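Peer 1: What follows is the residue order along each chain.
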Amino acid sequence: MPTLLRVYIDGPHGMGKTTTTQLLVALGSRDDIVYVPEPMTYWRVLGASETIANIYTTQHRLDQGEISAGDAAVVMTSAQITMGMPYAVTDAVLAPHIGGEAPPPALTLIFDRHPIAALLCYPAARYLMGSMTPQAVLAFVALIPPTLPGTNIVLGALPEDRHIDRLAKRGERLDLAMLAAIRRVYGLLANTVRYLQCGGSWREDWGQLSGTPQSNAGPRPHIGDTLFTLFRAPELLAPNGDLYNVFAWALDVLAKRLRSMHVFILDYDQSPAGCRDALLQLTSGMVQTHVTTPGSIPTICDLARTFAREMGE
Amino acid sequence: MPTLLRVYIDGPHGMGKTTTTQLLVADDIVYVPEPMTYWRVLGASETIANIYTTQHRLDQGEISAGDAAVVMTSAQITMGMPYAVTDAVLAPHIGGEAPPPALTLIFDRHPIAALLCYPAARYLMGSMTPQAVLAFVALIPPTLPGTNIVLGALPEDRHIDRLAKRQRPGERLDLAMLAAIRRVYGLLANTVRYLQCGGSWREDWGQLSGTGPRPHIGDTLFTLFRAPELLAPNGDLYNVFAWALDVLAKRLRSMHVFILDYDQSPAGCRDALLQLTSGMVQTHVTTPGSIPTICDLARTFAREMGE
Ligand SMILES: Cc1cn([C@@]23C[C@H](O)[C@@H](CO)[C@@H]2C3)c(=O)[nH]c1=O
Ligand SMILES: Cc1cn([C@@]23C[C@H](O)[C@@H](CO)[C@@H]2C3)c(=O)[nH]c1=O
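Heads up: the protein sequence lines correspond to chains B and A, in order. Mapped onto the authors' numbering, the consecutive letters of the first sequence carry residue numbers 46 to 147, 153 to 220, 224 to 265, 274 to 374. Mapped onto the authors' numbering, the consecutive letters of the second sequence carry residue numbers 46 to 71, 76 to 147, 153 to 265, 279 to 374.
Since the hints were made in silico from the structure, they are not lab data. Treat the hints with care, since some could be wrong.
What the hints assert, rightly or not - For each label pair, taking beta carbons as the anchor points, the in silico distance ranges come out as:
hint : chain 1 : residue 1 : chain 2 : residue 2 : range
1    : B       : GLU111    : A       : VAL90     : 26 to 34 Å
2    : A       : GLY252    : B       : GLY302    : 49 to 57 Å
3    : B       : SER94     : A       : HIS105    : 53 to 61 Å
4    : A       : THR353    : B       : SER74     : 40 to 48 Å
5    : B       : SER332    : A       : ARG293    : 25 to 33 Å
6    : A       : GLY285    : B       : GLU257    : 26 to 34 Å
7    : B       : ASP77     : A       : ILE326    : 44 to 52 Å
8    : A       : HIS105    : B       : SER332    : 41 to 49 Å
9    : B       : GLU257    : A       : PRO199    : 53 to 61 Å
Claimed, not checked - Covered stretches of chain A, as calculated for chain B (at least 3 residues, CB under 8 Å):
hint : stretch
10   : 56–68
11   : 351–361
Beta carbons: idealized from backbone N, C-alpha and C, even for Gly.
Please work from the sequences and hints to get the whole structure.
Peer 2: Okay, structure coming up:
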């Protein structure tokens with residue numbers, strides 16, 4: 046069977062991920078590498094109206110005390126469902142085609163983001179921003195789809211000062230607090246994958262939090286530097302101080318989904334061509350999979366092109 | 046490996062699903082009850098009250114369809130969390146299809167109640183967008199072997215009498231919602247048969263507009292998605308929504324549906340449910356320790372979230 050290479054470029058907005066991705070794709074044949082863009086049209090029109098504007102306006106109104114935390118949470122939660130729908134549905138139809146882990155791939159699919167961006171990362175950052183409840187973040191976590199073999203995720207690194215300078219270009226609003234929260238969440242994500250792959254057991258180390274980044278290299282991180290640290294919220298604890306079981310099971314799901322992912326870090330503090338070639342070099346050490354049927358390649362290729370045409374900006 | 050029989054008791058609220066299941070369970078059979086405590090306290094405060102109050106406010110014109118939908122959507126996430134997390138942790142223990155089972159797990163509802171049925175009913179009540187409904191559909195967990203779902207049958211008037219008796223804390227007696235949820239579950243049963251008999255929604259889609280043996284597509288859940296919000300200016304369904312329907316079809320086709328007549332006494336309902344198990348599909352578990360782990364999960368869920 047032909048082989049497939051799936052690469053999800055993710056991380057905070059504003060680093061140059063979208064450009065880097067298209068430049069990489071521009072290098073190959075329009076036949077053997079396909080780009081799956083951010084579903085901007087779904088967010089602005091198809092799924093709901095101007096969802097990005099809605100998210101930023103909602104946080105703004107909350108910050109100004111014009112609406113309550115409760116009002117903000119219902120709006121953010123619904124907005125986040127809209128944000129992740131194209132990702133979830135694409136993952137669901139792609140799933141049956143992915144075989145086991147496995153010369154160049156017959157096909158390379160480069161995605162602008164993985165489902166965890168909308169089902170975990172942005173929801174967790176909004177929780178830190180006070181516009182989402184930790185229970186809702188964990189409900190999204192419990193719904194993250196099974197991690198398919200060959201899930202390569204490239205997260206980005208960029209000094210905060212450079213990031214802030216880039217970000218400030220312009224339904225978005227310049228929110229440095231949100232920028233800090235999303236950078237922190239993705240940093241914790243990278244550490245969480247490393248923690249799990251180094252054999253870390255959150256249930257075994259939970260008590261190391263009580264007293265208040275590299276994804277594929279380095280020593281095992283402390284649990285306090287992983288995503289697990291975010292769920293020590295009073296809302297999630299029983300009178301006896303322990304986490305309610307319903308939430309503990311959601312963390313078990315988080316561990317299971319992230320532990321099998323192959324994570325890489327891309328340095329975005331360089332020119333667009335530099336980012337492209339650095340990613341290209343990284344792509345060499347990534348895991349390919351076989352596909353399940355002979356026609357899986359053309360089918361997958363058609364799905365990606367249809368997705369891009371219908372939902373890409 | 047030992048065998049497991051999973052039975053999900055589902056269908057419209059107010060038929061007596063909970064009462065009947067209880068009388069049924071009363076060591077080789079465990080009951081995962083309605084997670085009322087999660088709904089009223091752990092996940093959020095009085096979610097049921099929130100849901101019915103919101104619809105009521107919408108019906109009275111005190112809030113817009115838009116405001117209602119964001120509330121219903123967020124609330125449905127809270128409602129389905131216990132089912133979703135339970136399915137996710139149970140999944141790795143389920144093996145392939147397989153004497154009596156070593157363990158029989160009876161659940162008060164399946165994840166599709168909160169990720170498909172109630173959202174579809176609220177869409178019909180004007181309080182949820184169809185795009186949100188399809189977003190929940192896209193998140194329905196893969197259907198594992200041995201997914202036996204028991205749905206109920208009960209005449210409308212009788213159902214209304216029981217509904218009046220079975221109101222949950224914060225619930226408002228809403229006959230329009232009762233009709234909507236009864237319609238959705240009826241379409242659900244028809245949809246499973248439609249798919250099992252080879253129906254292809256893409257092939258029959260034209261029948262919704264252009265006017279073996281199986282139900283007409285117009286009598287399946289697919290008909291609900293001919294919603295204009297999901298269509299392009301030329302009337303074609305956007306691909307992103309067509310893909311969600313492809314997911315819907317894949318998830319539902321392999322479920323094994325059984326109809327329980329609730330139009331009888333609690334003891335009768337209980338016995339009928341027991342009668343239905345002979346045709347249910349059992350599976351093996353994946354590890355020697357799966358059974359004990361499953362039991363613990365079920366007991367812990369009940370103790371923590373059951374009423
Ligand atoms: C995936 C995803 C993105 N976003 C944001 C970040 C950026 O401003 C922009 C482009 O990614 C859009 C609003 C979000 O808020 N939630 C999400 O799940
Ligand atoms: C599963 C589920 C139930 N409900 C309702 C119907 C009944 O009033 C009660 C008991 O089932 C509770 C509020 C709902 O609204 N959404 C859902 O996903």
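Peer 1: Output the numbers, in ascending order, of every earlier hint that fails for this structure.
Peer 2: 3, 5, 6, 8, 9, 10, 11
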